[PDB]
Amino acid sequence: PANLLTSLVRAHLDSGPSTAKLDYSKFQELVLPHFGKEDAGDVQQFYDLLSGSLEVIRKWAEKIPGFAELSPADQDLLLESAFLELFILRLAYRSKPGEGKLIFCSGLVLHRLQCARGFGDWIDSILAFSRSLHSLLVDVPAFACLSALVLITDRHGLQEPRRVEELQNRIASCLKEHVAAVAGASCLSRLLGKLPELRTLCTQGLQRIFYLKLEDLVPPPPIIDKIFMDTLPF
């Protein structure tokens, strides 16, 4: 109802946890961190969260109709160029900033205070954007389309940019249809107005990765490290 939308909705919901399988076994409502620094366990968790998020986004992308038939170089470049944005967007959409809870794609819940040592300030900024995003009340099928459009977009280096644009057209039409059926323009213009906040969060993430890499407590995962190096204009 109709078919593309059902498949985007199903790809989205399968790429994250239900309330049922939310994982509280590391959660603590209060920890007392030494702010402004970090040990190897904090940095390794930060990295494992990034990697595990990319594994899950890759499986989600694989379920967007048309995506797995793009060239493998093209699927790679789309995912790599969109990963930080999608990580931040999906994280903000699923978290609970009214309770200081970051809820990650595996179901793991961690308090803001438990993220502070690995993520630095970035996690605080991500919760602010959670509130910012939640204030728009973006429904699931809308979010399912929008996140996919974050991924399926022009990027410098695509082998088949027109195939990618064609798929962007199909997803945009699918979204317009849904916003019509539901309305029965403005949320989206409202939404587009938060894109500068999102772009700042992406930069804040690259900055956090630079700092950790400088620090070098543990080495970064290969693919995260490629993504970071590839995003650098120099």
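Think of the rigid core as the biggest set of C-alphas that the two forms share within 1.5 Å after superposition. Positions refer to the first chain, counted from 1. What changes on going to the form deposited in another entry:
- With the rigid core aligned between these two forms, the listed residues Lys194, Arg208, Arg170, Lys63 include just one Cα displaced by at least 2 Å, namely that of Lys194.
- Relative to the superposed core, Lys26 undergoes a C-alpha shift smaller than 2 Å between these two forms.
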Contents of the next structure:
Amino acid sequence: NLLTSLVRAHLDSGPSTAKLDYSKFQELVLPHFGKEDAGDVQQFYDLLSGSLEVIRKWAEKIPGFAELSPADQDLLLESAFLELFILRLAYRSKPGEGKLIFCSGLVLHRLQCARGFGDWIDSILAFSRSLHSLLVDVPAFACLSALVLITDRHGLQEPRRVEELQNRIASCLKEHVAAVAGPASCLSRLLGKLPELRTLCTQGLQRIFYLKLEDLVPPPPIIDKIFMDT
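Alternate state requested, the form deposited in another entry (shown: the form deposited in one PDB entry):
FYI, this one's just the chain on its own, none of its partners or other molecules.
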């Protein structure tokens, strides 16, 4: 069934805890006075960039996504990148111990991250504290993130198909949270996340803006383009 392909895709993409690079991790209690140096913005951009290749590779693995047009595969992917990023990050990190795990498998401390993420990172952890208290299980999360991707976008070549695939995933989610219990919310508790997630992209754009002005290192073209869909 589909829910399985969704689960495999989620699972077969994120860094399995036990391939997570700790070689740059620093346990800090030391908030850092300093204007972010060029090393930080370079780190910042490499994580975004990294996260995008993972996200992309995970999309093909979503049944039906790949038989959509290349342009819509790019439209959906490009419009969804930043939220997917936040959401995948939030679910896999452990806030109770201020640890951010990135899709590339890099572990990194909250205060390590304030450097190039700014106060953004706090709202991401707050939101991540939000997610965990909801105890969203894996299958549901694998539907939830698919829905953030497969969703209506202005200038879609073929909105009707996307809606069909959106529908399959959505009812597929409903089946599952049905099984857990006795359509009825619950769902909309979980689904209430999706707009909270939209605020978070905002601050990320703000942060990318502030960095496109301080203008140390150039952004990766891939990410500048996404930023430019503004």
